[PDB]
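Just one chain is shown here, as structure tokens, and it is the form deposited without the ligand.
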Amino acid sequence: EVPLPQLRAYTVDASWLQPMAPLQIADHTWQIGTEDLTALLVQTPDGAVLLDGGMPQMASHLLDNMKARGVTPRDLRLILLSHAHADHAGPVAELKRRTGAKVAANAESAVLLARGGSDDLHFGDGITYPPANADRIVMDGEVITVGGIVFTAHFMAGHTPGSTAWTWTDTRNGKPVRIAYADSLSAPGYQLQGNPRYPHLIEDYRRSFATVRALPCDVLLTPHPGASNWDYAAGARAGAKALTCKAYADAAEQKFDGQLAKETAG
């Protein structure tokens, strides 16, 4: 006679959990996550912004990297998110407890974050994490300003309903660098067609491809660096092979179209 199964932990490739030292992207912007998950620290004269934290167990590593950059816990002011899955929003609750930081997010991302990623449209309760509350709700095209650095939200619903690209202009060599942190455009194991939980999924992905294509985008980064052809472990040439936003959108749409054809066959 047979017991119910044990809960299964959300396990991931080792590289997703492999710590790295801070890697500078531009004058104020640093990758402080792991080798295969993005967590961006933007340092300003008036405190720091974090865009994503990666997995739940990355909190202490992120704070260690912030310390290495001269950002104490009290200096972290704002947390922004690409999307509220466990592999990007994992440590957010813990970061809020351990720091000054408040969270800004759209309504979709706020509702998913508040349930710790449970009742996911596609994953059910398989990929959960500690719940957190948003301190501010943002609308599409709304800007947030920290220490003179302006962050713009561009909604790109698909991967999750609240999926967001964040854009801001940093500098390098006395010139502006328009950074686009564009969310995932994957649909891993999703039912795309006729999904009762997401009836207009396909139309949203199509609009999201177009949004990503048109972003101000001297430099693209993505929550999974591989999606944009970054190699964070390659030091001075980490970003050399990086995709444009145009190429990223196009590659995603081709994969998505292939997925639709396979789903129809399957």
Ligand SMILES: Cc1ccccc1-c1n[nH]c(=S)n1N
Given for the second form:
There are 4 protein chains.
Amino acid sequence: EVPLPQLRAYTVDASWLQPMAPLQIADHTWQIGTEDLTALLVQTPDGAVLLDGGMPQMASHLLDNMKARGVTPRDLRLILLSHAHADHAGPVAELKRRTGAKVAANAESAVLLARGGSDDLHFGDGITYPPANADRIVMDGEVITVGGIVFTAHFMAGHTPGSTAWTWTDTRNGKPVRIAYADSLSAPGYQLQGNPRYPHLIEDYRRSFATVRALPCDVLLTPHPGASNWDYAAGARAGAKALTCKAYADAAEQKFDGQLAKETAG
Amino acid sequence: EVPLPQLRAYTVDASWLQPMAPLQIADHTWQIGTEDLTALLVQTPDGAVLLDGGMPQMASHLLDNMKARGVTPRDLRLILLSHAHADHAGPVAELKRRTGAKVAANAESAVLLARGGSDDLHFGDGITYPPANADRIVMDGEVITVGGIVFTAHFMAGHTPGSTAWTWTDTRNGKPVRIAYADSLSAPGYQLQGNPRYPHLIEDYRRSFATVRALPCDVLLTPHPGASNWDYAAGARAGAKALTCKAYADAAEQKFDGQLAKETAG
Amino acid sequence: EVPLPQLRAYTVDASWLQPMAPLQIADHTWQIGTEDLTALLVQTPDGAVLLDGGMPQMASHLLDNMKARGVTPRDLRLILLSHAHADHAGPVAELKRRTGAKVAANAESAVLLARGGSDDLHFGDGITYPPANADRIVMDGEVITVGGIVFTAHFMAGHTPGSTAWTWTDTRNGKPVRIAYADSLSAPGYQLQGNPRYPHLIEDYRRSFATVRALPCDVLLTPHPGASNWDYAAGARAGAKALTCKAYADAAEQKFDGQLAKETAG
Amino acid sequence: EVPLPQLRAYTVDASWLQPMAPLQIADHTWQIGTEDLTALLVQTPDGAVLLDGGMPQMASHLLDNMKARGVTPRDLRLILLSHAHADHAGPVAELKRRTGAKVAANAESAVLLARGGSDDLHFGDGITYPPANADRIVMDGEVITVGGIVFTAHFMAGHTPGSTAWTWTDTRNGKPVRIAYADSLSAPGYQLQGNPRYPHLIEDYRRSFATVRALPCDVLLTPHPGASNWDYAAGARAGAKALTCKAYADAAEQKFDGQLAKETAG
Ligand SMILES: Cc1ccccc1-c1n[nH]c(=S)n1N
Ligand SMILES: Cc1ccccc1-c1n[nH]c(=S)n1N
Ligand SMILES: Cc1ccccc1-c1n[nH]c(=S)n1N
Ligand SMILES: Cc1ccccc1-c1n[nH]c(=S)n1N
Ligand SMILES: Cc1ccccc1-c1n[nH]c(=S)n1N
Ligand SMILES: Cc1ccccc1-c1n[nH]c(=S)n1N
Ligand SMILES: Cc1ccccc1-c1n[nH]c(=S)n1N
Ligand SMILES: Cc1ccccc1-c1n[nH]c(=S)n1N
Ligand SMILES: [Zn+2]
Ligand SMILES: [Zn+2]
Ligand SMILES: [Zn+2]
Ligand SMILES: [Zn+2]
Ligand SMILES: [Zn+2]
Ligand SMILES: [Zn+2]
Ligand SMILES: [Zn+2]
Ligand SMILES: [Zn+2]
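Since the structure above is the form deposited without the ligand, I would like to see how the form deposited with the ligand bound looks, so please show that one next.
First the chain shown before, then all remaining chains and molecules of the complex.
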């Protein structure tokens, strides 16, 4: 007799789980996640902002890197997200319990986060994580300000309905640097055409390619560094090979077109 | 010495609160709300669907009209919404407690409904109602089926971010009738330009005019009958003067353009 | 023809809405609410705690009093509640939006707060307010610490299922002062016996009288000052006539017994 | 270099996941879960009630057994729970999506269910499952009626704060059978004494032993059949060796006392 299968945890490449010390991107902005998952710490005179947390098991590591940067749990004011999947919003619930952080997200990301990634449009309950509540809902183009640093939401629906690019201007060498943190434009295993759970998926991705193309973008960062050709293990050269937002959008669209063609052929 | 003001309940025109008997729109579809607030009952071989409930005090009236139509509380399967303001989603929480009904809504409508209309983009906490949870989140263009009757969501963001037109095909006289239930395209007291809580408000309304224009639309109904020139008190002539979806969209756009011009002048 | 009634806002005595300047209770502890609604500010080296906010319209007043005390919105860390009715938790949602404050509450209070007081066991939807989410759920006897000040939850179910007394030790004149903030032990218009929504109501109130009787209680404060014979308008004599926790419990039990007898007679 | 550990799914004994055909307990009441996880189907003239669903992967199996019993997804009206851990409430979110079922639970169980078992008092995020919302909150002693069958909640806090025994009277052989579905009285790996997350844990378990002892209890069933000495694989003898509620309470208290002694020694 054959029992129902055991639950299976989603495993990821070791590099996604490999702790790294803080890597400075600009005067206020640091990568504090792992070798292969972005978690951006933005430090202001009025507390700190975290953009993404990576996987659920990264909470303690994030807190240790924050401490190394001089940010105590009380000092973390705000959490923003690229998208509410387990490998980017994984530790958000735990971070909220263990810090002063509140979450701002769009309605789509808030709904997905509140169900801990369950009933995903494409993944079903395959990739779940601890649910968290949003403290503020943002609209497309809306800004949120912490310690005078202004972050602008740019909705880029597709990878998830609530996928968002976040933009802000930091400084380096006395010069402004317009940083764009663009969400994933992957569609891993997705049914793209005629998907009853996402009927306008293709139109949304197309619009999102155009949105990403047009971001204020002196420097592009992505939830997976490899997407934008960052190499967080490469020290002084970490960002040397980084794509422009234009090239990232184009490469993602080319890949998407290929996937659409293969799906039609499939 | 001057105390803080007493809370003020939102009052509405008496007609919005004036009970009426069920008014048949098509073979399966009945208006069961008040003279001036739409609440559509769609009766299927597998239970009933309610589109909108009107104001919070209308729950019992709705249930009485459902009973008159042969729909017991157990038989009400689904609640859909035009938008999650007090004068359309008012009694939803109570209906869920008192019937078998589950709610399907988009993420924006779900978020607003779950906070009972509080922290509204334009109204603040001026117009609140009992919060309710959504049971199913729908995407733009997604269909939901009850007793073989298929309802399609058409997102028409503006009046609220989650404003939705619902379409379905009923029958009359052996002929199909493509019914369009289009949400409000009003912007009552709204700041339209440069609204920090809704930066792309104008672009969303413009897109929504185009969406409404293009709906499958043999018969248009609206949350306020007057918006589409229905007169639910007019018996056999209730729907005679009804606007097409095209004319409704055009009139709403003309009004919107006027409001934009007056705002610029203001 | 007779329309459904207009919604009616709950009105309260003017004194409940009458702003007052901060009134010091102990070295760290201030009354910052109105003449007749308690809102306790506890100021620590690590940010401030608010116990209750009063009615929904009191948010701005609370924030102004906090500013007068040197507590900026960022500095408000924690909100605790006596019970989640409109006249004590009214402004909590707004305070969370406008400050750094997170909410800790028991599961019963959290559920009631999340529905904005709707579907109340006794009031139905008569007394609703903007819903808010809890950030931390506490158990009976659990402590929560802010800036070294330790607050202990004592569950005293009855007035609401989640009614809580909060205790902490402050100082005055170099001496410890064990402060007890005991919730209401009223049952206004309640059906006490055989209430299908609260079958063990009487047993819970009885247990709660015993809990209140036994609190560490050098100084008793209550959500309505009059309950404990505080007079916040009386300056240096505000707390002179204050009841012990023992006397408060006894008077409340005597009143309850009377109500039970009258209900039996009714 | 050493990456953070991969997430680990909780595995269970194969028997907990071993599908079985429906096993009749009384005229209306069937075991439809697995060999070693209880899921009780109660069939009424007005739809069906499910008490527990077992593990997250059991949804489809439950639905298949319901179909075999003549209960279509539309016909499932109500889900009740012993406690909101993954091995009993696992499939509840999915069941709600796939059926007409609404959930009734106490505030503690509702809060835990809504966070999908995350931030557990004892397990932390070790044992999570898809979150679900409750549709009705019940108080201790409150009854809920479906198709004339009356279910009474008896709170028995300890295993979880919201642990509940459910009682109802079915029939067998023309005679009433008072069925008691008592929750777990285990404390697996729990810190019992001086637990900051559950300060009154011991007092709650003691009270719960007394509650279980005193249930109306012609037949005891438990979430794990072995707890009450049921053997669902034993056909006509499945319930022969079943403990009384009195013996179950006593054995659980004896085990608890042993655990307390070992903890003190530890
Ligand atoms: C596809 C996948 C498998 C396991 C864990 C996470 C994911 C995932 N969701 N979104 C992105 S980007 N992923 N890598
Ligand atoms: C005060 C509080 C309640 C719930 C969750 C988190 C917190 C909190 N605020 N600041 C810090 S550090 N916390 N842990
Ligand atoms: C503007 C207003 C006042 C009171 C009650 C409801 C409303 C309202 N919100 N959306 C629409 S359409 N309304 N009439
Ligand atoms: C069973 C149930 C639980 C919570 C809320 C509503 C209901 C319900 N289902 N069918 C009917 S009629 N109900 N009242
Ligand atoms: C009874 C009542 C009427 C209006 C507003 C609030 C209340 C109330 N709930 N709990 C307490 S204490 N109140 N005064
Ligand atoms: C950052 C944030 C997000 C949502 C709600 C409130 C807040 C906040 N934290 N500190 C202050 S002051 N806020 N307004
Ligand atoms: C202890 C444990 C491990 C894995 C899955 C479930 C559980 C559990 N929680 N409550 C009960 S009873 N369990 N068996
Ligand atoms: C209508 C509905 C919406 C959300 C979730 C479930 C359902 C539902 N009701 N009856 C059946 S069968 N459903 N799947
Ligand atoms: Zn993803
Ligand atoms: Zn990813
Ligand atoms: Zn509206
Ligand atoms: Zn309206
Ligand atoms: Zn009250
Ligand atoms: Zn009060
Ligand atoms: Zn358990
Ligand atoms: Zn178990």
